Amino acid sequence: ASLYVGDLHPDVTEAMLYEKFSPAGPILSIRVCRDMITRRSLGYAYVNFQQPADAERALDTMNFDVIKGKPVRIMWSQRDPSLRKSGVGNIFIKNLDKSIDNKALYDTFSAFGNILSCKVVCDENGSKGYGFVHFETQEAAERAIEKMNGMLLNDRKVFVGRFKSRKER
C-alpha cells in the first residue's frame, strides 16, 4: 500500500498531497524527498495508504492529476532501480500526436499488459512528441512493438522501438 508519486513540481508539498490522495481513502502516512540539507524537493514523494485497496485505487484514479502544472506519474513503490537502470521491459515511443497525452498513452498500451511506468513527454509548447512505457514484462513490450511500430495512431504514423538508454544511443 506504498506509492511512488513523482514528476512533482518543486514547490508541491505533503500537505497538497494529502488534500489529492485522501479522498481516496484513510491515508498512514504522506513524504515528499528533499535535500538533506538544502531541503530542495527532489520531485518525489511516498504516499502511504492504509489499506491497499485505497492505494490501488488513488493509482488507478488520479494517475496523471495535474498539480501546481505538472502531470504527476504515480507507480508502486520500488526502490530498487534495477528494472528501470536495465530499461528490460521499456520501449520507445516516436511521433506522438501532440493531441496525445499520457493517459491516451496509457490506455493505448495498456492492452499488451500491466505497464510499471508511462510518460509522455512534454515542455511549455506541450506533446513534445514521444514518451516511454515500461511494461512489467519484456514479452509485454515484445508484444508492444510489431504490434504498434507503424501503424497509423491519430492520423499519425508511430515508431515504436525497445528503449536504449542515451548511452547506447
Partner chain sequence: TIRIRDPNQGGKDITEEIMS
Given for the second form:
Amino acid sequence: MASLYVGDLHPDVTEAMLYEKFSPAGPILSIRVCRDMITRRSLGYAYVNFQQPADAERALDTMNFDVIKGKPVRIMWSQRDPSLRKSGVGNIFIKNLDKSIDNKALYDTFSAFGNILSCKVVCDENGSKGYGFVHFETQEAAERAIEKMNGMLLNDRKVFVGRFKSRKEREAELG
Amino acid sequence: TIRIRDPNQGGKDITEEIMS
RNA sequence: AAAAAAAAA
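Switch over from the form solved without its partner chain to the form solved in complex with its partner chain, please.
Now the full complex is given, and it begins with the chain already shown.
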C-alpha cells in the first residue's frame, strides 16, 4: 500500500509539479493527474505512488495541506470506492471556526480523537468560510470528537460540532 | 496551536486535557 | 446563516 490520492488541486497543477513537491519524501514509482478524457481538463486530483509504503506515509504525514499553485492540497490514502465518502459514517461537520484556524491546525487538534481519513476547512477568495469537515476512520472516534468539542471555544470563538449531513438530508430536516 | 476553552468551566483553557 | 470529496494504471 503506497498510493496516495492528492486532491483539491488547482486546475493547472501538472504531474511535474507534483513530482517536484513529493520527490523529497522518497523515490517515486509514478504520478498521474486525472483528466477529462477528451478535453483533458484536470479533474482536480492525482495519484502519487511511492516505491515504499513508509515514504508514502511520511509524505501524507508531512506534506498534507501544503500549497501548490496557491491552493492547499488534501492528501488521503487512495480509496477509489466512494461508499464511505457517500455514507458519511464517522464524518463530522464543524461550524463557527475562527478564521485564524487553518487545515493543518484543524487536523492537529482533531487527530487527538482518532485517525483521520480526510479533513478540510472550506475556503474562498477571502480565506476560511469558517466551517469544515473531519472524517474519522472509526465512528467511535467521530462520536468522542463531537461529545468533547461541541460548544467549545476554539481560539475564542464558540463552535458547533455534529455528524455531517448531506445537502439533501439537511434541507429535509430544515424544511 | 488551536486553543480550546470550555464555557461551562468559566472559559478555562483545557487544550492539554483534550489532547490526552 | 454555513453541510465536502475520487473517472487510474
